[PDB]
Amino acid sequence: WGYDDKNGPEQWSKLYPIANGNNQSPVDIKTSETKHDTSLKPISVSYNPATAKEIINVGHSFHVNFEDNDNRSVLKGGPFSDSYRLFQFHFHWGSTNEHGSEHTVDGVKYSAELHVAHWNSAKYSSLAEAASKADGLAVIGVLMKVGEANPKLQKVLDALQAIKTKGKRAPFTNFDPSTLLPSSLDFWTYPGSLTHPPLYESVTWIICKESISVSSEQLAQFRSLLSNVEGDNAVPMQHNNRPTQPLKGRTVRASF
């Protein structure tokens, strides 16, 4: 699977039938059709820079993984009574600045998206087990709006030199991803999926109302990453965003 016509999102049906499911992500969020839920509590994050572990080029993207052996880095509140354990952050971007985000808001496409991923350690004993469970994952999505350079991205982009080609990995240490989060943690939530294969319908999405900035050149740094192995002809990662999928009668709640 990948993001080419050959093997891209419209092809994923073939090998992952769940692509045509009822809880697929991303979605377009229409703000006149969201329902304010008064039961939603604040989103609370408490992440430990010491849990930051590694950065990895996964061919279609790059992942920043976290030590998930204990509860030093957790998401709670919002729709949850279970505390959720940090394990990863990563981005999606598009071939152009116009569209790069996965989620859209009133049809507005953004330039890229940050996903910050957690698994349910209150109910399961590993990410592998939580991954396929309806209440397994909790993922904060942050829309990324082209404009001013985001210095908070610095360590991340600075790191990509060491993982230029597919399969390269590097230590990535002493980092707290909550520094990448917007000031206001007002959010929408809906039940959704992973946005690429295996595409499990295990994600409660937390989509931030407030975006964060990214410069056009910072984006070009993402696209500089190579999808090929060291030594092969260069194939840069031009894009890795899925089109938005039908809501199928789901409701997106607003905290605000």
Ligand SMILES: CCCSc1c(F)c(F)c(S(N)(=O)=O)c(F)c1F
Contents of the next structure:
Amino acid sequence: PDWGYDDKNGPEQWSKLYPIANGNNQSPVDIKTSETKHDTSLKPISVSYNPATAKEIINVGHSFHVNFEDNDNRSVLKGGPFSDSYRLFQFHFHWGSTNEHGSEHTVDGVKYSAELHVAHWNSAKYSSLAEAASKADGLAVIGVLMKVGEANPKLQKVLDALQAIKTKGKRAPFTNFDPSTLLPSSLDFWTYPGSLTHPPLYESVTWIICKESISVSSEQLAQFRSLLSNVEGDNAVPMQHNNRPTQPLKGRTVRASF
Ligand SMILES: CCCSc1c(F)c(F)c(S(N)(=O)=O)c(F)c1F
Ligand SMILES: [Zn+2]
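Okay, that's the form deposited without this ligand, but what's the structure of the form solved in complex with this ligand?
Next comes the full complex, and the chain you just saw is listed first.
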């Protein structure tokens, strides 16, 4: 593709092909907790996912995705800031080249070692992801900051699957999996209107950022960085990082549920 995370094709240069990279609703952001506004109309987040909607795991060159069947409302996110039901379609991670950084969102300047994104589309209003993806109210993404520490057992099925999708474009069945098992036990959150965090960078996402982190070990992070961005039979090029820097808030308000 014309974009990636290298020096030449990376975030700093994305605006050349994708001008919205310099938009007013870009993500991720730094959440400054002294500038959050507690909002009492925010309802609790409700997730209800059916593990039979898990579909496939794919290496996309810059990351890997776990996609879900989204033909119906078997797996849905509701509550929080939403009046609409949002249908689960994918989860994935971001990571950095070492443990020091790797999250996309930061909290009061603090960088975590990775970040989980659980992505949903507005099926009350739209008929497909493709329709929803560019609408201001189209997408809802839960982000969970991942703090290097104890190995997290709940990552296991994901990590065990990586050996079948080592290189760009490989894909395999990934079934019977409920990604609510990856979320932290408190679902207290921050929410703000923003964007996809890589091209096409659409400003279509209501972000739900969990206040509590989940763990990951330094060895489970290495399993992500050992995926390869090349296709089979080319020079091996590890996927060292895929996090975008934080972007200017431009007057947006981050709301706290707590
Ligand atoms: C156009 C159809 C959506 S592609 C996409 C996406 F689904 C995400 F969840 C994200 S993210 N990483 O903001 O969750 C993303 F950056 C994307 F580009
Ligand atoms: Zn993401």
